[PDB]
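Novice: The lines below spell out each chain.
There are 4 protein chains.
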Amino acid sequence: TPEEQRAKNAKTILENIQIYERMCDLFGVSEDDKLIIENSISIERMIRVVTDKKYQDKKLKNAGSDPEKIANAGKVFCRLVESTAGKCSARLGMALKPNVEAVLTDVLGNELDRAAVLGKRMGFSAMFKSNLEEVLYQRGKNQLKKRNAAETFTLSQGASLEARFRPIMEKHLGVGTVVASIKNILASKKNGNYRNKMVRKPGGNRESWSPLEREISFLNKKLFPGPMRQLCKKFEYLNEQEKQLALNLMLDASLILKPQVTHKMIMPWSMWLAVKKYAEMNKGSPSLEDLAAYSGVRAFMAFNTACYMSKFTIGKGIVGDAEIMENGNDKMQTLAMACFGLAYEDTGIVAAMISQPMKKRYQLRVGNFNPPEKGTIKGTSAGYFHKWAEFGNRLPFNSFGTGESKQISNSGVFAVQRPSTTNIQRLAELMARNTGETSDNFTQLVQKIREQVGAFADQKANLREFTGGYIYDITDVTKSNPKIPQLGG
Amino acid sequence: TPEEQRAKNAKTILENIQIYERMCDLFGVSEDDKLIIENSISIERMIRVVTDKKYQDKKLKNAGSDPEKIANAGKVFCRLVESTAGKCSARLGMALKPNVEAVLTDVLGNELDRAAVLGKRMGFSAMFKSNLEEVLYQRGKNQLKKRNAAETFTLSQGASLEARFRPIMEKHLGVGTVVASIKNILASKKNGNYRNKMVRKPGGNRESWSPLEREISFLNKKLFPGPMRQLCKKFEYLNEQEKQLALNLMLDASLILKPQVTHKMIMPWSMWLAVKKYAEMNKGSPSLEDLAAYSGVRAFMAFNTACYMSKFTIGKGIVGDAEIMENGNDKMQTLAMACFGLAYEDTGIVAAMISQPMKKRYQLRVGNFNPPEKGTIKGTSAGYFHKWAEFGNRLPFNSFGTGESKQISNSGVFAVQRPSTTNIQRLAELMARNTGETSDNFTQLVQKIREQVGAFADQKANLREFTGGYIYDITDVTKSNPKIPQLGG
Amino acid sequence: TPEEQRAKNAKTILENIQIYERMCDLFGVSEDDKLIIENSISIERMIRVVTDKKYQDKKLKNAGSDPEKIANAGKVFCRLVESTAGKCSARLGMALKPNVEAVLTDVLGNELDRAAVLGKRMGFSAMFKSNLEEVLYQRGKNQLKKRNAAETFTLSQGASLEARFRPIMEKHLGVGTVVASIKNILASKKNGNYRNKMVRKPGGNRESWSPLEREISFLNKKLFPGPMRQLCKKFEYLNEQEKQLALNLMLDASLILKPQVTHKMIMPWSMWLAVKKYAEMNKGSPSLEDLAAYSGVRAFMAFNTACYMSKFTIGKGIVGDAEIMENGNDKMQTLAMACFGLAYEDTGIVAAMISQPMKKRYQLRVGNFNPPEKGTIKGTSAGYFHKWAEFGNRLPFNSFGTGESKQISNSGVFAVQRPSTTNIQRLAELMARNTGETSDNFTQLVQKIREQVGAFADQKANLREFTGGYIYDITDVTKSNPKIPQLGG
Amino acid sequence: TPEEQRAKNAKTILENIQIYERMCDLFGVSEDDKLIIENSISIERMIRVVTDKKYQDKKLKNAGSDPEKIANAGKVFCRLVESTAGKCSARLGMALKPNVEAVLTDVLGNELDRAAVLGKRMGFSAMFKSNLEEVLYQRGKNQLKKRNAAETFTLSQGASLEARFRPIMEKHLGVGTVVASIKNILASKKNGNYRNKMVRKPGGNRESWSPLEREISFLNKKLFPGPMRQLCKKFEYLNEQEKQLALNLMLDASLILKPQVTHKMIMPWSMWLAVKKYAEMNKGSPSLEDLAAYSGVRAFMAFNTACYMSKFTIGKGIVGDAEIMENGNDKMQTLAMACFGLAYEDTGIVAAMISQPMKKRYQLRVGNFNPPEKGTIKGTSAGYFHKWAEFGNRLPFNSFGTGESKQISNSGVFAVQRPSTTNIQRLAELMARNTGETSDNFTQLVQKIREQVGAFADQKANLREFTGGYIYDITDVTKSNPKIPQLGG
RNA sequence: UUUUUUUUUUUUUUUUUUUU
RNA sequence: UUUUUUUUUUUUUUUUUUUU
RNA sequence: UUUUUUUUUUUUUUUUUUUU
RNA sequence: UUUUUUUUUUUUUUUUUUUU
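Chains as they are written, first to last, in PDB author numbering: chain C, 8 to 496; chain A, 8 to 496; chain E, 8 to 496; chain H, 8 to 496.
Don't read these hints as lab results, they were simulated from the structure. Accuracy of the hints is not assured; some may be wrong.
Repeated chains share a single entry, so a pair holds when one copy, or any two copies, can fit it.
To be verified - Using 20 Å as the maximum straight-line C-alpha spacing, the simulated SDA-like pairs for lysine to any residue come out as follows:
1. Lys-60 <-> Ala-122
2. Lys-250 <-> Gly-443
3. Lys-127 <-> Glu-296
4. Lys-61 <-> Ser-302
5. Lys-240 <-> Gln-251
6. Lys-265 <-> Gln-432
7. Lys-18 <-> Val-110
Throw the hints in and build the complete structure from the sequences for me.
Specialist: Next comes the structure, spelled out in structure tokens:
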């Protein structure tokens, strides 16, 4: 089956490639300029705007009688990079919404109303944009609405998304994204700035239910087994302030605790195009199905492949303010961060894989990715993840457990007077947990969080990777060369 | 009658012996290598595969047009131990299905279609394999299908069996086996991975009925008198989630509560062969009818008899992973565990009987019993259960009861003005229990379980054996030397 | 507002007229032959086939590889009446689906995907076809699927409709239609011949829910206040056989009981065209907005207007079998029956309005309305409803009620020793009804139905019309001449 | 589908033919002697004995220690016709049960344990034997056990069958067969000469139930709609004497009343062989699939085909006692009677179809069909049903009914003071019948039977056939020549 | 102390809480 | 390893704790 | 007086109670 | 037009109402 999954993935990407090629020709993009990651972003952006069904309802509500509003409902704009003489600039490409719909309906089928097929791939792109926004600008103008601070922001990977995508992206969003959503849903229940809703998810659960259930379900799919999932089960029976308080403490606990939260790679569509043209310029050996997965070393193959000759803008100006500034390899880091979701990964790990030193925001420099008045083109530094690694989704070891099977209430076939390993107390706990015991779970689980943090603050002594874990060479997808990132100071 | 039962048992075993001798010659097994318990297991295994009527229906369904599938439907393989120069290895013995059928039809009669005659003895062997699997590997690859956790696994003695055997083995299976089966039957009613069925059992009950009734009947044959059997009677009138909830709490209660659940011994067929050859090498004094019972001290006679000179493999490698490892006497323990069903018996009791210290899984080491690339032979440590004991099937004392006959509503022949021991309340309870009272029995019996556990948590003060119970010497089947296993720490 | 409702109705009909004129020219229909009611039906029929989204999904499923299936997916056929020398026949008109879509998208807008706009008007037409089928042939070939008998059929006005229309037509369908639907939905839950679904209805209820709720809602919108609506509220908590039993008894009760069920008129589109051409031939005085309502005397104005000169076929042959047969005025009756939904109205009432004797099926004769091999044209008998009447939707008087406001538990400001009209018993009933009392409502409401029928069997003494009710002349829309249909035998 | 039904039927018969050919060779039957209908019967007889699972259980019970009983359990005997010099005699053919099982398991598959496949075809043969017995000897030695008189015997078509077949043959057995069975089941409940049982029938009803339900179900499948089926529904709630009384009166009523009871044809297997050899001797034109149905004119095709040259014994002796005796054409009548189930058909109808006068038992002569000491062969009279007819299963017209749809409790949309066709009384009857009204149904239905008989005694005026019904020529399967059997005296 | 069924899979992977 | 919703807004502003 | 769904079938057979 | 059970007996006696 996984080979056929790589094939369906390869077709999915080939569709995105065919759309993008058509989009590039549609706005008049020069052949070399098609490679541009900024152009990837611009097309992907335009597709979000067109596909924003909610915002289209609202647009209609204010579209009014004005013939200028009505004509601009037919036009679609795309700010794109165009180059000449090694210099580069923006152009305002324009095509009608039916032109964009034609390409989309042609490649994905007339039933774009299969919200699953278009929304899956567009969720992945919107997530990549959300990633890049998150590394860029700490979401300030959105958090002035979404009302929460920097630590909450760190756990809120993917929370730059338009609301419609948040259901689609369930697995990969950082726990804070869901938490912030719930906290803001309680504000919406005061403010009326919202419409409440009901949904269903085939292949997962045919349950037919609201954001309340959906969020709680996603929260259960994320939280740590035992106490935190037990708080997740309690959640419908917390009061609203108890929900906010619980959300806060769980969110804080999630700053340490790393239960199942899903990584993903999303390279830009122009990098997928770059992979196609690379395969072409390699004369019939690099095969996209070999790269066609949302997981595993195939992702590092694809990124380092893009690291041969892919192209992007350099503005002389900065996403910065002081006189200290730094090079295109920092853009290359930013791209990598956005592509693999590295924003809360270990910089040391990354420093070894990228095989160059890593950084914090006080050090990070980049451009805006938005097509320029004037600037210059640049191409990729070779092989950049000169070491790779195996991906993953949770903490190395959950907690120090019970006895595995023995030391329970002993059975006795033989008629012999006996001691026993009497353990009725933990047996009654197992009954209490499987019967769904609920009494003062708020305080009880607050305490359990406090002491779990302490236990973890011991467990750190070995709590470090899946136990084969090292930064192997690109000559060593074979995992032959196990080596550590750093000793310390 | 019991003497004639030992005779019919001895004939039953002699048939198994004749089959095994023929099987040993059929695959070309060396005379000494016939003794091998691994060879016992391999023949018994092959017989299951051949006799798996359900899986033969399914095999036919996928057998298709392929001449390689059709030829391998005629071949039967047997991986067996063969030895040379004190070293040992596997050989792939091969015989046609008709060769195996000839031996079977010859010794048990042409009507192997007497599913009772073949299935009884093969159920006992399949149960022994299920026992050995259970001690080996905590049934992981089966429980990924059967969906339940370690405590449930402990109560599920015999649940490694193919489905067809589970009806046959009704008495001896651990309660969890039945429970897990019911819970998975409810999943099958969703999933369609099953065919539902109807059966009848002569000498027991001519009722003609489904897994629902069969399971409930077996469950009634196991559960504790009063509340738990009353829940057993209610069971058809629980809703499906109530059934799952009830099953869970009853299963938990069964971790403490020990109502009637049936022990058995099954020594390997090669150990029965070893008993024959031992009798032979003893020149006309050890008699198999003296050993021919599924119960009583005759079982310890047979096992310790096997403990003279029986032989089995030693691989240098391990069913283990860390650098800590330990000897063939641990295999000897494993064999004993599998033979007598000791997996939830008291280790202290066993430690005194085996007259050596006993262990939990963190300490237990063994080999795979599967014929090797390379290895060495070893023979038994002498007399190993140097103490024995009397077997049994239930808790020593059910509960503190009523008055035995007095303190009921008094009769009065004599015309005399009188007080009375007025007891109409418990009289109305006896009427309610014999009329089958049903109203909120779920919650009522949940509560009764809660308080029964508490009562038992008092009753532990003496709840220990049938009152004559001690670990007497092998010189003392006469029960002359009553002595306790341990005082404590 | 009602004047503007007549205007929106007039535009709605003018659209249907423009569609029909275009359809008539599209299949090549002769100018006089455009008037033909059979041609109305044929166009309306073709529009159903084209608009049958469900059956188009199924058509695609079996359309296969065959180039003959694919070409006939592009063709659309229409069997239409064509006349010459006073004789008439069929012709197979043909146009491409895009030709039909052009006319429709031109007149109703490109967004025919506004399922409301097209489906409203087409529901009314499909209902008229369902009416005509019902009077024709007692739905035999459909009831061989829908599994219910002649009395059920009488209450099932509109149940010839394709499923998609049944939601649209909610108000006007006879209660049996809904009932039969529910009973067949329970069969579909066994048989799997269906896909279950969810819908929402703006301006009525934003609830978002299945056929179960939809049907129960429509059933509540129909059933008699008090007991029958209380059974309607219980309905989700009846078991499936209880639902069938309840449905049966409610359906039987509905044979007597006449709570709110909605009349409608639907004249043929060719009769609306006839109204246009009549207005034209009258030189600028008959105005369609004057006729533009689904209710009120404007309907009799329109029908009698059609009664001037409208034209239709006479076949010499019959929807009949014996040698007894009868004239075009019987077609005129059939048309009227289909147009006003008279199939369960009083024949005596109708006999006075049509001002000629009325009939039962043993007497009713008509043709098939399906274009012929050979035949002759005929035109309308003048003024035909020479008396009219006021329309309506429920029984004249619900039941003999309580006291209207007095005889409740008396208040007392003044400090005076007093008797009281003590009525705590009916006060507790009002509490029980407003709290939603549910206990044995099945038997209780069965009994209430039994005794309500008896009460009604008394109440018949005056249970006859809205109290102004008589068959006034066409010279007397002014209701000046109150007169009774019949005295009796 | 019916063509494929004729094909599956043709394969079913070809299997019976292949079995019979093998059986004929197995007992050493001469090539011409294979045609013999007596040989058909003898093989069919032997197959019943072998397949009598119940009687094989009983045989084992008395088989004892005797080596003569044990050897005759392996032997199977077949008394067969053998001919020489135009004379004929018996021979005792012998083959082992495994020889018979080989032919059967070879042609029908090893799983003869598919009781459906073997039992269907053998039920049809056993029914034919039961038919021939019934015409022969009025079942005297069986009715000395089954305790009922000549009129009951006439309605008991197929009641010579062994019990096991009676479930299989459900449709075609005369109502008396079921009735007699029920009456004798009540005697078995006293006498203990029986084991009671439970069964299930796929494609019909998955209900899992006893002879009580099975019989009542078959009785419901037979009885007249309305009163007699209503008595059928009551039946579980009649007392035992009420059941006997009801059975008697229903049985008497069935002497007049002809509700749905199923005809069948079963020609002898040697006549099917004769059809094969006829096709062969016709050089490649008569095709068995053309004849392969349990219904329709294909049956008369097959019988008249057999009427060319098929052969059977003539003994000079008689199934008779007086000096009056008559020819082989009377055997030909007997064969026809047995083949088509004519025993209670109209002799006049049959006289016209067979195109020769018909008879009652005082006139009927035949032989025993049991192979002789001495005798002579004879062959068929040509074309014998020189007229044919269309088959059928019920009375021509059930009763004079209600109004078909009109004259129910009138609805009123229009607000007009009105009379009504008030019919609440029959409406309450329809409610009583659909609610299952039960009070004194015994006497009520006794009365309904009395008056229904009177009504029928009027209705006889036209109660005669399906209305196209006549004895058309064999040149006129085209039904072109409608003509009546007799005028009268 | 006693008496029969059969359409979701086998001839390996670690010291382990949930569909890898 | 698998499968769908939609009425609070976008085509810029700094090294920053709260509605500027 | 007001406002949207879609996977069991169509371009004929009699005066009729149940899967012809 | 469609789909499985099994513990009261067989390889002969007349033109006849009940256990000869």
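Novice: State whether the alpha carbon distance between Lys-60 and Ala-122 is at most 20 Å within one copy, between copies, both, or neither.
Specialist: both (11 Å within a copy, 19 Å between copies)
Novice: Cα distance capped at 20 Å. Does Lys-240 pair with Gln-251 within a copy, between copies, both, or neither?
Specialist: both (15 Å within a copy, 19 Å between copies)
Novice: Measure nothing new, just compare the shortest in-copy and cross-copy C-alpha distances for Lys-127 and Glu-296 to 20 Å and report within, between, both or neither.
Specialist: within (19 Å within a copy, 50 Å between copies)
Novice: Can you give me the call for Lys-18 and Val-110, within, between, both or neither, at a CA distance of at most 20 Å?
Specialist: within (16 Å within a copy, 37 Å between copies)
Novice: My question is about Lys-265 and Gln-432: at a cut-off of 20 Å on alpha-carbon distance, are they close within one copy, between copies, both, or neither?
Specialist: Only across copies: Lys-265 and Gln-432 sit 18 Å apart there, 30 Å inside one copy, limit 20 Å.
Novice: At most 20 Å between CA atoms: does that hold for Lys-61 and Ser-302 within a copy, between copies, both, or neither?
Specialist: Close neither inside one copy (31 Å) nor across copies (39 Å); limit 20 Å.
Novice: Which holds for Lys-250 with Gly-443 at a C-alpha limit of 20 Å: within a copy, between copies, both or neither?
Specialist: both (19 Å within a copy, 16 Å between copies)
Of the numbered hints listed earlier, the single one contradicted by the structure is hint 4.
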